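2 protein chains.
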Amino acid sequence: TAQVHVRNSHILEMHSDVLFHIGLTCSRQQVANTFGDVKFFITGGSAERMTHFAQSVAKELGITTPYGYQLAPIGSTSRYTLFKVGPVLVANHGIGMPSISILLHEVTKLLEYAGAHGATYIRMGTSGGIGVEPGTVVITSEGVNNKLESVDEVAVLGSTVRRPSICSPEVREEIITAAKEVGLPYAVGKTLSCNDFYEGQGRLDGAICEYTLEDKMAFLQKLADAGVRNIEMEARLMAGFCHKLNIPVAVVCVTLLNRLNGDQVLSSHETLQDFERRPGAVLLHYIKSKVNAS
Amino acid sequence: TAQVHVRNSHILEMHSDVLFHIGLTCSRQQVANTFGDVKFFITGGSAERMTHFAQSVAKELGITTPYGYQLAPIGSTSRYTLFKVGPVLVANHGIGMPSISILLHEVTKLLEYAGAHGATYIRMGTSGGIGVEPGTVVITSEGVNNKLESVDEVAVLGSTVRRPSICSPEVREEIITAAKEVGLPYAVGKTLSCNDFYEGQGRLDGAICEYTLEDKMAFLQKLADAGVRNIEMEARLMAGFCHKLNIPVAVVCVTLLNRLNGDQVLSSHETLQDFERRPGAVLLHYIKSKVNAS
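Line by line, the protein sequences are chains A and B.
According to my numbering, the first sequence is numbered sequentially starting from 1.
According to my numbering, the second sequence is numbered sequentially starting from 1001.
Source of the hints: derived by calculation from the structure; they are not laboratory data.
Every residue gets a Cβ at the ideal spot worked out from N, C-alpha and C, and that includes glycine.
Mixed in with the good hints there might be a few duds.
Using C-beta positions, here's what the derived DEER-type ranges look like [as the list claims (entries may be wrong)]: (1) B:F1020 with A:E181: 25 to 33 angstroms; (2) A:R28 with B:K1059: 57 to 65 angstroms; (3) B:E1214 with A:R28: 29 to 37 angstroms; (4) B:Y1067 with A:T64: 53 to 61 angstroms; (5) B:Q1055 with A:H15: 57 to 65 angstroms; (6) B:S1168 with A:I176: 56 to 64 angstroms; (7) B:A1072 with A:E133: 28 to 36 angstroms; (8) A:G68 with B:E1048: 20 to 28 angstroms; (9) B:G1075 with A:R28: 29 to 37 angstroms.
Construct all of the structure, not just a fragment, from the sequences and the given hints.
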């Protein structure tokens, strides 16, 4: 219906394409037949997760088998580890915007060559919540920055303020997929996707602190009153790009606290451990349910 | 003589400070007795390049042993990975400025509590090389943004313009050691730190492209005329994170490319590896050339 468009012409005018960071080249693996069937991309923080989820989303549809399976397919940078289970492309992506833009840049063409039409790209990860007790899966509406507006900025030799819608109907299908289970609170809200974990995020335990709590309260509570329900680092970008690759994006991010009470956490180890496994638990069944019905 | 200064008041009024990305904490591992030695931090992107260096500095000073040493010292995230050999603290950072600031902020907490005075901090990586034959190890002067301005901008809930100079004493001592290793090009200059690998850099093979060749080399040629000799995406935050909290900064990068004449490279696979090892060979050289000199 619609296929992975890349607004790049000069790819046409190239004998051969190499994707440095994953370890992939063209005129070696055949993109059409290798990668053309994958209807869901899905990325996460650390190949300590997306490896697991590439085993779980293999468990749900039944691509599961007793042998040593789903061996990591991408390399070059040990930063990017990949798998391929069925139509699913489970791909970790490091920390923060620039890490996640490469993966998303070289996954776009990685599909375009494959010719992918139907591929949903969803970010699983973690975050901190504003106004949202621990364990709630704040799906993303837009990608705000530091001025509570739905725009990430992309210097290109110069400017480029790119929008960051998350993909309504898709979000509706994730929402309809954690309301089709009921075991965890699954609400929606805008995200402050930030570039500095310590100062950007309000926090009071970095190494360059020129504000207090009375003034981190203001911001956070201005994040809340402005639309923002969830704090992380990769997602504005991750909605600028996919909205301008004709690729439906979404972010699925357990909040690991409500920073209206603090800056470090309270529940013991076992509590964080289910929370942490809920974005995939809802992303993997959300997925099986698009593989059942397709 | 010169300790590691943390610019945070609330760090004193704190019971136990955890480091969420190193899994470290300060109420298990005695920082002083463990981490008081270190007088250099060395970093890069992948784990298989920093492990190669950490098992490399240990045979270059004469503390190596034949059993399974150099075992990873920080988990929680698999993204980051570090080993401590002698007075060296090697740690991978991954990609972007966002990742590298997370390693830097808790490290400089970890090194402050340790009472470490002397801890130079060094980066070692890859970069496209404006106006430099493939392989010249550009040693960074200043880390400028998209308008050639030696300032890095920080989000601080809406706030601070930090600078980005590399420590001039260690720069000399890292150019003063590879004409002590005279078998590899060793130039100095400025560098641009771009939050996005295609359009920030300005490359004709991504997905979201608005500019031609003619408009590509207009930008690189005017960055050359400024002092930019190479392009990677971690250094402006690395340069400024160091200057602030007092750290002596250096960025020692090989170039793979000359972007005035391409966006993809030309020489063999065996030609890049030896180029890919020109950061460490200078670094461990300049490390030992102090380790002996103390």
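Q) Between B:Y1067 and A:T64, does the C-beta distance stay in 53 to 61 angstroms? A) violated (39 angstroms)
Q.
Taking 28 to 36 angstroms as the stated bounds, is the beta-carbon spacing between B:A1072 and A:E133 within them?
A. For B:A1072 and A:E133 the Cβ distance comes to about 34 angstroms; the hint holds.
**Q.** A:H15 and B:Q1055 - C-beta distance against the hinted 57 to 65 angstroms
**A.** violated (39 angstroms)
**Q.** Cβ separation of B:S1168 and A:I176, checked against the hinted range 56 to 64 angstroms
**A.** holds (59 angstroms)
Q) Taking 29 to 37 angstroms as the hint, is the beta-carbon distance of B:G1075 and A:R28 inside that range? A) Hint holds: Cβ distance 35 angstroms, inside 29 to 37 angstroms.
**Q.** Hint check for A:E181 and B:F1020 - Cβ pair distance inside 25 to 33 angstroms
**A.** holds (29 angstroms)
(Q) Can you tell me whether the CB distance of B:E1214 to A:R28 sits inside 29 to 37 angstroms? (A) holds (32 angstroms)
Q | 57 to 65 angstroms as the expected CB spacing between B:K1059 and A:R28, which holds or is violated | A | With Cβ atoms ~35 angstroms apart, the hint is violated.
Q.
The hint says 20 to 28 angstroms between A:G68 and B:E1048; measuring C-beta to C-beta, is that right?
A. Roughly 21 angstroms apart at Cβ, these two residues keep to the hinted range, so it holds.
Hints 2, 4, 5 from the earlier list are contradicted by this structure; the remaining hints agree with it.
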